[PDB]
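The chain below stands alone and is given as structure tokens, in the form deposited in one PDB entry.
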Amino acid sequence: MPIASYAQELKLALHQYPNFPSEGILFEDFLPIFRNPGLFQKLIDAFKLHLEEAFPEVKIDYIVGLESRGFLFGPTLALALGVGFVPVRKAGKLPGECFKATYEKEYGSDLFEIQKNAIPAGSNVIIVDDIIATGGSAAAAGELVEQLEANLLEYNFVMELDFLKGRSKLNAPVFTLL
């Protein structure tokens, strides 16, 4: 059926890569989806249909995409929904005043930013990305949305993979298409 029909076709288009990006990790490459407009259309329609059914009476203001894979489908989904798109980037890339969030890893940390004036306080947003695994960048994006005094309605991911490092807690509902 509908969302499930699209999910099925998209799953079959993924390419499996064992031991990537590290040994033991079974990677799934979604890039083939973008190479074919027929498949790309179904990816966007699947998320659009999901959001229309998940929030029939709640207004979505922005799609927040995570660098860089979330940039591949997030902006198009935003346009398809008639809403704005705002990126979360690795620190040091965005111009202007930015809110910052840190993801502490075993060794070192990952810094993320979002432009302070990009989303008004009270806005409702959906954070999107390709893969949800350890969840570091997703959790960080969540903190940034909170600093903007915006509401995180849900996270939308294309897939879930096991990067062998456990899972960081996400403080919002999660929908994973595949």
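So that the term is clear: the rigid core is the largest set of C-alpha atoms that superpose within 1.5 Å between two forms. Positions refer to the first chain, counted from 1. Shifts are known only where both forms have a C-alpha. First, how it differs from the form deposited in another entry.
- Relative to the superposed core, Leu164 shifts its CA atom by 2 Å or more between the two forms.
- For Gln16, a C-alpha deviation below 2 angstroms is recorded between the two forms after rigid-core alignment.
- Here is what shifts between the two forms when you lay the two on the core: runs of at least 3 residues, every Cα off by 2 Å or more, at 19 to 25, 161 to 168.
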Second form
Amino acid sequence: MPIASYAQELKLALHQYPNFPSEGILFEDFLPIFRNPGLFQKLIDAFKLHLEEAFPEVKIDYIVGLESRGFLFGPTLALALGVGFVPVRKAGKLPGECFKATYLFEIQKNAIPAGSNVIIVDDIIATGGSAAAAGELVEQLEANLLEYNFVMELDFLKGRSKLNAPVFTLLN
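Alternate state requested, the form deposited in another entry (shown: the form deposited in one PDB entry):
So it's only the chain below, everything else dropped.
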């Protein structure tokens, strides 16, 4: 499968950092994928192929990416798909009238029309709180949340239980 082979090669590119940011935490650094345009293209194509597989006759209108590491691939995935990108940002970073969701995250009220089909993207799901907030913001837009797309998922934290929409994680 094209997705599995790319998922394996991207897994190998990850760099493990014991005890960062603090004692006990194992940091999965996906940044090495972005320094190699071959690997980066594979990550984008992997997500693209999955969305083509999951949603063959459903038009995606936007990728919604979470600040800050979702910004590293979300916009690029959006452009690969030929769709818009919209950020979900931390509190007080977006100008103009915003909707708010507590975790505080925000989205711009004018960014996405009602009835738009949306995919939320982020590097990793841990507790799920940030992703859940993004979902609340998509809901306040009256937009449709087709799926959450993550690069990594910390299964032991049970982040997906806080979420309503279906979840895809590329590297399990």
